Each structure stands twice: as C-alpha cells, then as structure tokens.
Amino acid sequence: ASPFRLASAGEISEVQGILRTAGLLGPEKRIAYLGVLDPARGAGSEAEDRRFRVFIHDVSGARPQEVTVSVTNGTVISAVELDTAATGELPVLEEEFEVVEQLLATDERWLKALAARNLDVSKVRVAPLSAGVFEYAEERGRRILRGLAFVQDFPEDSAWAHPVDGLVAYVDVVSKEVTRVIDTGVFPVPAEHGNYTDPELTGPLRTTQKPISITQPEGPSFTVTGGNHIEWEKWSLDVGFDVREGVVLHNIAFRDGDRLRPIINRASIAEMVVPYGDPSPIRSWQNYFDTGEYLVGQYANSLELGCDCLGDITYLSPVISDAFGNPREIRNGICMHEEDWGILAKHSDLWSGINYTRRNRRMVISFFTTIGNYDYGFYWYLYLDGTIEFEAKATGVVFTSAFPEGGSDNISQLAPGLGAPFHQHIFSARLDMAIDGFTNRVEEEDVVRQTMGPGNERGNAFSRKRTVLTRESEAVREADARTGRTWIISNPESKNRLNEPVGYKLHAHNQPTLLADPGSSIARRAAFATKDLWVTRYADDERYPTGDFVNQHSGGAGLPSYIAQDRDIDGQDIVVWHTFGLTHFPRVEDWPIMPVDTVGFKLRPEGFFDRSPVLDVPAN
C-alpha cells in the first residue's frame, strides 16, 4: 500500500478512537484540524507508520492541544499544550460561525443599531469573519470573530446586495459574549436585489447556445491506481487532499525513457489571503486567510457532472473529519480529466516537403471551494511537453458595502448605493522541489541588454544573466517583468547531454504583490505576500508561509521566521514559495455574480531533457 494514499474513513474513526481512549476527546473537546502526516525523508523505509496531526480545541476555555497519533500502532505519539496568546489560535470551527448571529440577536446594542435602520432582526444575516490582531489587548488569548450585517428580504434572497454599513460587532465565541458593537453612523441599505436566478433581472434566458459535446469513446489516457496514483503521458504523481490546503500533489515525476525522473516532491497552495483596502473602521480589519483560518478543503464543493466538469471525468471523494472526529466524505470533490490543448508543434518545410502538425493535451486535477461570498477553483495542469501549471479561478458574489455619497478612493460602485471595497486575492504555492532528486539550487535569470560598441557594433546583441541564491538571507525575491525575470531550479549534480545541470524555469504572471503599508498588521501576518518568490531549506515542520496557527497570531510567523535561520540553499533539499494574486477593483460587470477571473504560474523544462520529450507523440 502506498504511503501517499488518501486517508480512509476508518482511519479518521481510528484517530477518534485513539483520542477518546486517551481521554483527549471529551465532551468539551473539538477537532479544529485533522490531517494525515507526510512520510519523513527516507526511501528504503518500508516500515510504514501512518500518522495524523490533530489540533484539539476546548469549549471550556482550557488550553488547546497539538496531538500526533499513529493510526498504525494505535498510540498517541505526542500531545502538546498550546499557549495561543503566543503561538496563535486554532482554526475557526463551523459551529463558532453559527453562534455569532444568534448572540447578536439578543444583544441590546445590536438590536438598537438595527432599530435605528428599521431592519427586522430576523432578516439580518451576519457574516462571521476572522478578527486578526489589532489594538484590542483584551482579545489576546481569546477567540474572537467580527461580524458584518447583510439583509435577506426573503429566504431565496441574496443578502450580499444589502450590506448594513456603519455597523460592526466583535464576539468572543468561547465565553459567548458580544464584546463590542460599533455604530459609526447610519448608511442607506442598498435596495436593489442581486438575485441572479430571478427572471426579472435575467430577462428571457438565451436560446442561442448549441451544445458542445466532449467525449472519450475509449476512456481516458490516464490510469488511477492505489486510489490516488496517476499515470498519464509519461507523468506520474499522487493526488492528496488535506482539509487545510485542499488538493496536494505528491511525487510529480516524468518517465524519460528508462528512468522515472523526479521534478516536484510536493506541490500545494499553502496559504491564500484576501486583504481589504477600505480604511473604514467597519472593514479595516478585514483579511481572510482562507487556507489558514478557514481551511479551504473543508468547504470543497461536490462537483456535478456536466456542470462543473465536462467530458470524461474521474472523481476522487476524499474524507475529512468533523468537529468530533467522525469521518465526512466530500463526494465528487476532486475532478480528474485530460483535455485537448490545441497545437503542440507545427512546421511546413519548403525544402523537405514535410508538413508536420501535432496536438497538445493537458491533465487537469481540480477542486472548487466556497468561503462565504467567494468561490475559488484550484486547477493543476500537466502538459505533454513537461510543463506544469497552476491556475486559480475566482468567482462568487463580491463582498459589499455602501457606496459613500461623494464617492470613494477605496471602494467602487456596483449599483445604486451599493459599494464594493478594493481588495486582493493573493496565493502562495509551496513547491517542495526535487529536480532529478533533492540536490537542488535556484538562480534568478534576468535579460541583459548590451550597449553598442566593440563586439556589438550594430547594437543588436542581448544576453541573459543567472544569479545563484546561496543562503536564505538572499532568497527573498521580487519580480521584474521589464527585464524578463524568471527563476530556474536546477540540480547541479545532474547534467544533460550538453553537460549543463538539468533545470525547470518558473514563469510568474508578475501581478502586484501585497499593497498594504509595510507596518500594518496584515503585512506582518502575511509577509509572504509582500514578495514574489522565497526559497527555504526544507524542514519537516515548515509547512505554511503563515505558520501553523494563523488565527489571531500577532505577526512574523511562517516565512520570515524560516528565512531568519539563513540556511544553505545552494545544492540542498529546498522549497520554493511563489506568491501570486489578483488586485481587485470590482467593476459593474462583477455584479451581481462575478464572472471568473484567473491568476497562476507555470514551470517549463529548462534543459531538463536531451531534446524535445514530445517527438514520440503520434499523428492522429
């Protein structure tokens, strides 16, 4: 059995059993995160010890715990007590989100604010959001959620269309107290409905779209064995699923003739922040850490055939844990399919009379998650020529506010009185590199322009320059689209036939990084987002750019701390962390449901192969 197989329902149940038996899962205990641990560095280690990491929360206010259990041995290997005011709070629980609206509904200050606006409390939905760390000392060590109101006129109504601005509440979800209710002033509540399924808004539906039928009369070209091991057009990998990170790809390799060569040991989106740029006290604290605080895999959708994934699909239904350790399956939560990708190679040669054309293909592995108003699709692609690519698709309903009379520098208008605060969606890809094995290195490649003169008398010459990042103190890099900056990960001990170290080149989209002032909380807490590329020496406990406990953590966790070690990355076991995102100034066409916008990156072989790896592709 493979060490990278997906967690079984019974394994979750076994973890539950081991925890209750050791008296660590009592009636006041809640599981805020549960995930299988990856195998440690080894190869001839056939003694498989299946271990799970669990973050246990306590509803009574008692210190939480980080527990490591061996589902194979049936034992608790570790169980450490956490000082959350030092190391941050655990991920927020679904039941904690539910308590915010309920608690506010009986609070005198909240009911008063709602009375002044003439809104029926039973019609007021509250978005229970992360708190972050600002200037409220009484929150340290406490689990707080901040709430924003939205009106829902009827059950099928889209509450996002009616934000109740000038109002924000802070709630302690363990002691169940409303710690603060801020009412900065009354703002009209946007009246227009944003119901995209309402025939009064859509108008007569189109009857012009003819069907596009994509089928595979002989089945797919990939094989799925061991439940999650994929073999497709020379590629090999294992598809994992974590409740925090979502789809994770393991042991990405390419079979170059005789040998199966490694490229990436582990690929995942390790964090994803959505910071808001509205300086209003009602929203200036708003920063979603979708992966770290909310756990994206937890909210993964059950994809529908023909609607979400068209063609010959192969699904994976991963299993996660609930707050009590019971297994929960996300049916059809991962899509796997190959799709046509146009022309791969083409040449019509005059001299030889040979006309050659080959088509391209990509293997797609994806999932879609929903974080409140927003829905995100995470797509990983493998191409015939050895290219690896990631694409994030953002959709959903934009987060709203009121549009200030007299306009705004930080909010855009979507409808009459309806605003949409400026924000960004910034992702972090954790790429545990293994180019032909673990002895890797990273170089920054810049285009070099040359000046006209001796050796370049016609002033036509241009070159390139590569700088090797040797220590971690020099591995925090910035993009430079102007000079065509890319980063090559190579194995200095593995050469191609021309005796140059094999490599892969990372092509970024060069979008803007974190815009927030460098001294702000979010800049401290999401420091990874301020730079485009980070390279660290691998360490088993360094899994997230924002750290293990993001919720209400002070700042400087994850990447800045890891880098501070200043380890040797020149020809070592390294990890590449690429920051990429969308800066969003919502437009009128993003209402009342926004069309997909995308971001991503890709890695292309750079002298990895001896010649083109697609010469054996047939005609057809």
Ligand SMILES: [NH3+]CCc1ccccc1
Contents of the next structure:
Number of protein chains: 2
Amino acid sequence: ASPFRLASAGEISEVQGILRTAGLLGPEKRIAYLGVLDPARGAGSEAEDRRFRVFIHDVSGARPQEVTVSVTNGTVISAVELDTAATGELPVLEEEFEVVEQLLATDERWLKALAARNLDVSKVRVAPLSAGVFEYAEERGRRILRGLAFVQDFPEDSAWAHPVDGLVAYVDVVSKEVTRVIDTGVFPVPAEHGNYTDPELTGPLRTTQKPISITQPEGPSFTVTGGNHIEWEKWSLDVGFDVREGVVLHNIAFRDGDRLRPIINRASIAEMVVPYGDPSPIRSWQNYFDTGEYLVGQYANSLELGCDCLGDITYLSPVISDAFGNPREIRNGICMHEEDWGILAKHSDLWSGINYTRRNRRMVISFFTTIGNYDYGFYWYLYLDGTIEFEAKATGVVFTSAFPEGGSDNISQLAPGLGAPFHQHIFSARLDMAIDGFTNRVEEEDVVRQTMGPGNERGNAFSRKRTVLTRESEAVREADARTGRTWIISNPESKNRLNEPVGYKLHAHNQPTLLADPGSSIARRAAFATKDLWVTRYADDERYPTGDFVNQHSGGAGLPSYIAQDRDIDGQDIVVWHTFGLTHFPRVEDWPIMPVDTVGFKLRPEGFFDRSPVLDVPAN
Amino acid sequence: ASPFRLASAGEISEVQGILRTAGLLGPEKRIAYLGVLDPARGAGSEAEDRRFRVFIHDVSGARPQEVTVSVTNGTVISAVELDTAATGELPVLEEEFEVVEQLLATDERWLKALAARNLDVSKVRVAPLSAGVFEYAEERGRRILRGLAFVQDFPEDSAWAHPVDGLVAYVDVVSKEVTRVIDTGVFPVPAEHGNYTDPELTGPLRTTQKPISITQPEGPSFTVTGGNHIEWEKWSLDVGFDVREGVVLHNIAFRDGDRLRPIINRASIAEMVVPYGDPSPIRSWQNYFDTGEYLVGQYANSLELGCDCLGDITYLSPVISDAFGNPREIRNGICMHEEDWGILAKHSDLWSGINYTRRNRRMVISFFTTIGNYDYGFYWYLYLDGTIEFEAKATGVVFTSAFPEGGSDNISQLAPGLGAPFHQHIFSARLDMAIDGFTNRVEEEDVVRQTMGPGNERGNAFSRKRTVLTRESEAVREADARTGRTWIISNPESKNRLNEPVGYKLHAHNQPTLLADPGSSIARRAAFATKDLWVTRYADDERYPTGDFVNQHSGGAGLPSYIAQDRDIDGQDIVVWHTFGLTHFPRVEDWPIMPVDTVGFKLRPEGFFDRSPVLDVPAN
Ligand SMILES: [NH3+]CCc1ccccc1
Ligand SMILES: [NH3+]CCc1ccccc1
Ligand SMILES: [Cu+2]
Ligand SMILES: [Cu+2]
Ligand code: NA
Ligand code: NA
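Switching from the form solved without this ligand: structure of the form deposited with this ligand bound?
All chains and molecules follow, beginning with the one already shown.
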C-alpha cells in the first residue's frame, strides 16, 4: 500500500501494454530507461498515482521520446519527442555493447590496423566507450561510441592484460557506420596474461585461513514490511531501487521516544564519473559516467550468500524492465544485514566505581554493480548512535594501455609493457534533506584560530565560526581540511531542550575534486565534480547533477543551471549535493585484479537529540 | 628465548632486588616508570642482555634518579641523579591522585571557597591535573599538581555532572603545601545528574536487539609462540607492552614467497596530548599528556569477553611494576582476534565469463586505557592485502565546566548550566621504518594539475610529483588535502620486478594540527603537534617526540631538538613521526557518556609486491 514500494513485475507489464497500445513500442523501439517517479510534494491527500518515466530509443534513426505513464490510470500522461543535438543522447543500451566490435570487424581500415599487428580479428574484443563531446562536428546529433581494442588469447583469457594501443575507432551505432579509424603507431601488445584464477599465477592456494562463522540464532533485529520498509533500532526507512541510480533510500527517520523524527527525505548516488588523465589522443577523450551514461542499477550483481554477504542476510530482488518492456528480476540484488561494530561507549570511573561498556552495531544495505572492467559496491550504514554513513568500494580490473618505452608522466607501469593511465572516480551524493521536517538551512563551520593577547593571555584559545548559506549563488562550497571545515544542516524552527536548532553535521573525506583544466570538455560536462558541496532549493525536476541526458551532452546542464536561479535556501526545502572521490595512481598491487579501495562520507547528529540517544542500549 | 619477549614477573622481581641491594629503593623511593629496553642495533651477535630502565622518585624531596639495570647480569649499569628544574619532573604517580584532594581538604582558603558555595567538603572530588609550565616562578623545580573540583552527591554519583567552576588550587605534592587558591567568582554547580546507569535517565532498556554470534569452530587462523610472537596470513610480528606507550609492535614483516620481508621495525603511539581551548584562568593552563605525564599503559583495562572483545579472542596479560617494584599482572589487558572485513576483490567479466569474489579479513590487536574522565581504545589492524592501519577510539566522559550565562565562544552547552570546553586529542605515532631493510627514504607525493595547451590539448591530463626529503632540516612537513598529499617510504636499494624501488604509502586523515598560538607554552611543549610529519635519523635515545620527562618541562625538548642535528635521511635508518588528532567541539549527544569517535592513519603497499599479494586467497 506504500507509495514508496518497489516496482512490481505486474506494474512493468502494464507499462509495456500502455506503451504498445499507444503506438510507442514498435519493433524499432527500445526502452533505454524505465523508473518509478517519486510522489510529489503534498501528495498527503491520499490519492496514490503510480507514475513511470520512460526513455524510448529508435534503432531506425527516428527521434527518441520521453514518456510519462500512470499505471494507476492506465494512461499516457505525456510523450515528448527529443532533439538529441540539443538535450543529449539517451543512455547506452546493453545491446549496443557488441555492436561496436561487430561493426569494426568488417571495416577495411580496422582490419588493416589489426593485420599490421598480426592480430586475428576473431580474438579482438572492443570496449564500447561513451564518446563525450569534442572537436568532431560530424558527431552532433549522432549516436556515437568509441572503441578501444583488447586481445583475448582464448575464450577464458582476461583481455585487459592485452591492450592494443595506438588505435581507436569511432562508430555511429544507428546508421552502422565507422566514422573514423585512428592509428597513431604500433605498440607491442603486452604478453603476460592476467588470469587471476590460473594456478600458475596464484601459486598454491592458502591452507591457513580458518572459518569465521557469523550467525544470529534468534534472527535479525530488523523487520521488513510492505516489501521494502525497514525498522531497525529506532530507525525507519524505505529501500528503493532505480535502474539509473541503484539503491535509493527514502524517508529516513528516527523514533525518538514517541516522535518519528525525519532526517533525510531521499538519499542516492545521483552521478558518478571516471575521468582519465592521459593526454594521448588514443585516450584523452575518455570519461565515462557510469550512472548517467550506462545506468549502474541494470548491471547490479546477484549477490551470493557466504561470498558477497556474510551472516544472517535478508535479500531484496528488484524488478527492472528489459529493452522491450519485459520485467526482469535481479535475484538477490540487495543485501541487508546488521553487523557488530565494536565498542559504542565505555567508561570505568575512579570515583563512582561504576564500570560501563556497550557494544555498537550497524545496519548495512548494499549492492554491487559491474560495468565492463570496473566493479563497485555501494554501502549505506545506519548506526545505533544516529550516524549515517555511505561507502563506495572500488575493485575489478584497472583500465590498461601500453606502457611507453621511456616512461610516462600520466600512466603507471603494472607489468612488462603494460600501463594503467591515471584517473579519478568521482561520486555525487544527492541528499534531499528533511531534518525534523522540511524547513532546513546549511551552515559552513570553520575552526577559528585566536592570537595570544588580551582575553587570551596564554595563547590557548580557539573557537569556531558558522556561516549560513542564504541563497543558491553563495552555496557552492570548497573543502578546507586545514580549518576542519564541515557543514551543518539544521532546522531553525525545531529546537532541542537547550533552545538550540537541531542539526546534523556532514563530515567529508576532503579528497581532491576534479583535476582537469577548467576549460576542458569534462569540466563543463561534470561541473558538479569541481566543488565539494552544492545546496539547491528542492524542485521536482532537478534530479541529477549532470542533467537528464548525460550521453554526448555538450555541458553546463544540471547543477550550474539550477543554482543560477538563485533561490532562497535559508529555512526552506533544500537538497545537498556532495562531491567525493578517489584519485587513482595505479600501483603494481592493483594488478591483475584490484583489492578494494574505499571512499565516502558520514553525517552525525549535532544537537539533534537532547542527550546521547543510546542510553537505553542493554549490556549484551 | 626471544629478546623481544614480554617482561616476566620474575624479571621485575629481580630488578626490585638489584635496586634494593644497591641502596636505590629505600622506603622514601617510588618507581615512577619501569620498562624493558629494546635491543641495540647490531645485537645480532647473539648475546642476550635484558636491560630495564627505571625512573625513581623520592617522596622526601631528594633528587630523583634514572637507573638502567641488567637482569641478565644482575648489575646496575648506570644511575644518574636528575635536576628536575632542568630536565623535567617524573611522571605522575597513581598514589598522588588522592593527595591533591586530601591536602586541600584541610586548607583554610579551600574550605572558605567551598563554604561560600555551601558544599560539604566530604562530597567534593578534586581532579589531579598536570601543571604545565606557566608564569609562576615558585614552581620551577617543584612537583606541582593543579586541582579542579567536582561534587559527588552520593558515592555512586557521576561527579563530572557537577563541576565547581571559578575555583582552582595549585599544590606542591612533595612538601605537602597548597601554594595558591584562586577563586574568581561563584558559579551555580550544575544540578542535573549524569548517571547513565540510572533507569530514570535511560528509560526502559531496549528489548529489540537480537544476538550476533561470532565464532571460529576450528579456532583462529593466527598462532602465538614464545608468549608474544604472532604469525597470521603471511604477517609476522612481536607484540610488546610498555607502561608508558602501551602496546608496541616490533618486527612487522611479511612472508612473500620464501623471503621474510621487513616492513616496520617498531610501531608505537609515543605521545598524546589534550590541549584545552578555554581562555578562562580556571582552565587556560589545562593540557595533559596522557602518555608522557600519566603513562597510559599502567591504566590499561582488563577486557571482558563478549563485552569489550567479541569472537574467538586470545588474550595477553602484560606484567608491569607497581610503585614498590612488585610485579603487577594486567589480566586480559590485550585482545587479539581476526575479523571478517567484507569483500577483498571482486569482478564478473563480460568477455571471459569468469565470476570472481574473495573475502577480506583483518588481524586486530587492541587495548583500552582509562585516565580520569577519558577512556581510549588503541587498535592496530593488519589486512590480507598488506595494509597496516591504526585507529584510536575516544569515549568516556567529557571534561566539564559551568556554562556561563550569556554564552561562550570556547565552551559548548551540554545541559542546563553545564558546559564542555573545546579541546583537541592529538597523537604522535612513532614508526621506526624498515622497508625491506634499514636503508629507507621518504618522498612527499603531490598531485600535479596541468594546464590546457600543447601536449595537453583537451585539458584532461594530470600527474604527480615526488620530492625526496634528504636531510632532517627539510623533513618537517604539513598536510595538503587539496593536492592529495601523501608520503612514500621506500628502499632505494631494493627493487620490484619493474626495477622500481619498493615502498609503502602513508595515508593521513588530514585533521587540523595544534590550534594554540605558536607563542604559547603548549606550542613549545608539544612542538610535534604543530606539524603532520617529521622524519628523523634513528638514534637509540630519541624515543619520544616530547623528550623523556614531559611533566613540567619548559619546552623544546624532543623532535625540534633532534632535527637540529640535520642528519642525512636519504637511504638511511630513519624514523617517521606522524601527528594526527581530533578537534572536539562537544555536542549534546556526547553527554552524559560519549559515543566513540575515531581517528587514525594507514599505510598501504606501493610497489612493494610484484603483483597483488592476495592472489592465493581461497574462495571460502
Ligand atoms: N564503465 C563504462 C566503460 C566501459 C564499458 C564497457 C566495457 C569497458 C568499459
Ligand atoms: N587524563 C589525565 C587528566 C586527569 C587525570 C585524573 C582525573 C581527571 C583528569
Ligand atoms: Cu581506479
Ligand atoms: Cu574530546
Ligand atoms: Na529537502
Ligand atoms: Na628505521
């Protein structure tokens, strides 16, 4: 009965029928995106209307469409023809992955390049890479993918060990034309394999690891009702799933005594981008938006008990649409479980004689996605003490190149002849804030150093200052680790027992933001990634920091367009957008398969409660 | 048989007898510090000599002594009389904790202050606080503690809820004289209790937490031999324990195939300091060095199975000396266990069809100490993938004051009338490095941004630069989060298969360093805390960043004295000193007992191995 419930197979089958009947799902059509729309603000009228948004691609070159349909009312609400030279191309289709390799396999320029390197075309895999927007005027309005080649020695070989450098091709996947084949020189194809299941590479496997058994003999402490509504240790929330964003958290709230107190209305990773820092023409165009161009949710893995998730696991199996509107279950796509988290609070008092120890725990909601060479785990954590944390875990295989004779300032060597270009992995968290309700504001908090002198005679004092961000034009903020800079989201109309506004503090990891030159194409297309923190006024249609159609969009859409409205954000319905990322100079230890590295952020209560909220936790 | 073995009860009893026989342990003597000395460099002659260092205090006002004794040879090696006006006072004795309260309880000025506030002297606890060095010339050469008062309403009451502000006393604990009683005004004693085991405060305890059972049915994967030698998943090390530093890690090494490869010779937290940022004369002198002034190891807790450490736990019970030379066991003072740590590596390959997942785990070595109101857990982690991590967990009760009517720029309000002054918790990790042996060097690594232009026509390139630190005068470094600054410790004479020097990268959290004015007493006494990274040339006697005798030392000893020698550190036996800390603006949620907050650092291999070192981990 909940409007925030997951999409069902039947809902998607109804959408397909509505689209078909309306003439919008002919045999040349493909669904490139399908997702449920969130309820509008002020839907508390209790009139459920399950609406879906659909992007429809046309493989014959007709104009794609954006369609909204109501499954509640069985009708098409709106259907808009898109001009992609203007607003951007639709996301990459899974079925286009193979089309780049097959189109090149009959191109005479491509075959000529492979023949000069003595490569059998049947062994050559071609990565289908998003094109971006660069200097090629013939690409405007065309659906382009670029291809980089890797050799597979045999069908189980790891092709990433064998990049074919000095060669790139551009393909129009609608008209099935190879527009350009660039061959800048022959590089030796690196010879060593990277087959990390080969006993010859792994050596004998360890016999020394003894099992760790994690069990919950009376079951888990959380309940799941209505398919996706979680209650756990005073927390309440709904777990959603979107094919673009992946796991989305709705209605995060905390039961403080009798009141259910809202904290976050909607939390998601709304974009991610991987820019490469290699100036070679073979790769200098390479930047993929896994979220906005490829849709990370449709590549979610089926997670295996005991391998991917350990302990007493509850699964959710979200349903998405395939390219024809058929429902597709992602079996065991979301893992949910609670984890011991060490000591929560501890004190042995010399004067009272009381010895006090309490254990912490956290609720984990996670999913794992794979897009080509890279694999990412997205983890949301809820802690007993009111802390909310996000963690991204990056693993998979690094994207490779040749390592040039005589070295490189922008590539590291992983193996003889084998290089890994420098790159970043940058995420945008979109936090639709609702601290005790919707009237919120953001303050920037800096440590303040004080000089020795009158009133500070021993030179020990220090303080802090808070600056309210009142309008969108002043709410684009940078990190400053040296001044301990954090941001507090408060509700000026909701006070704690000390008559101070209730709040939550955002703690960032303060990693570098986008390194590319501010005049570059990527700095325009990924403008969100150039600053650590943005605050906007909530609006229904301002969903992604990069805009709705990221693929081949020329830049400036999303956040820099939103904030030009200069709306009032001082005690209003606001959205915080936090940029965070990893700068990756690949190491030898990252090869042939990369150990997990992590990045994230956390929010901690800041005078939200009237005292510690974990005084009622028992002693195990 | 290992020279790095823990001190035994019999060794300490032998030391006591040697001291007694030599006339150094008369009835006016107290042992203020006793610890085993590490073997000297070049002890590979196989001639074990177990030597102990002893600080001896004299309660009758005679000069203290520093004594070194050999239990192997039953002799006193050296005995030096100390001039404490010059080199510093000895650490605080546990038996002096009560002396401040008892001396004040008969002082007419003290009684007059309490009577004006209607406080029964029998209910007034006095914290024994280290004095530092300020403007009082009569304190030079005297053993001074300062006292701040708290009211206990009944013997099980939490006195921290009831600070007596506007009152401080200074005491000479050797001559048993109250030197000064300062009363700057009456403040209401805050009335609410902070008794976090009181059902009236906690409410009904939760019934919703179900048990998490962590077991190892075939036992743990690590072995302990020789009392304190650990082998676990290719790691090798010795766990030491020192009454000043706590847990110390020796001879950290990793078995890479057939070679045992050294990584760190000695790792410890060598100092910590808590400076307060309240300019009130009542507290503006307050800075305690829990390590150097109080000795955190002698306050280590006995850790309870299932409460403090959960899972399959192996304990170590270290032995220290009491004030008279008797051995004192700290039962269950060190917890050792392995922990599941999620996904280690994962990839599903679109071209090979191979699906690959491996689990991570970590080895945990931990202890917990309590000094007055504060409690700290020290955690060392070893991971499968070669990562070493330290984490400090701060909890306990915040140090309190009155909250002034009309507010404060340097104190936060926790309850009606009750304040918590701003402060920092700053740690110094001392890492005696041994990356593949003792010829090491440190490079500082910054990200380098590049401008659009020739050779970088699309403005996407970025790079990195490494600066070798060649002499001690240039090896005092600051963090720079914005440039992704890290430090690499390498061995220029040991190369990986790519002919690159092997190394480890130090990743800092980049929290603010010491905030006090550079001209303050604390900035001189805690000079290490003003910079993030120092590198020195190894020397036997350069043990602590603050010097051997921190209590009441006037400043400048330790690191700023060491680095003035300007020694060669480029491919030499070097020591890295990393400052890291938390800046604490107390929140309401920190009261009446504080949920754990954390800080730390990690080291990750950087071309130390020839490929991922976890290819031989099995699939569970
Ligand atoms: N992550 C999106 C880029 C990509 C997609 C498919 C194969 C290799 C790389
Ligand atoms: N942590 C060292 C300071 C201290 C010592 C004893 C009581 C309160 C405070
Ligand atoms: Cu990467
Ligand atoms: Cu603190
Ligand atoms: Na909002
Ligand atoms: Na060294």
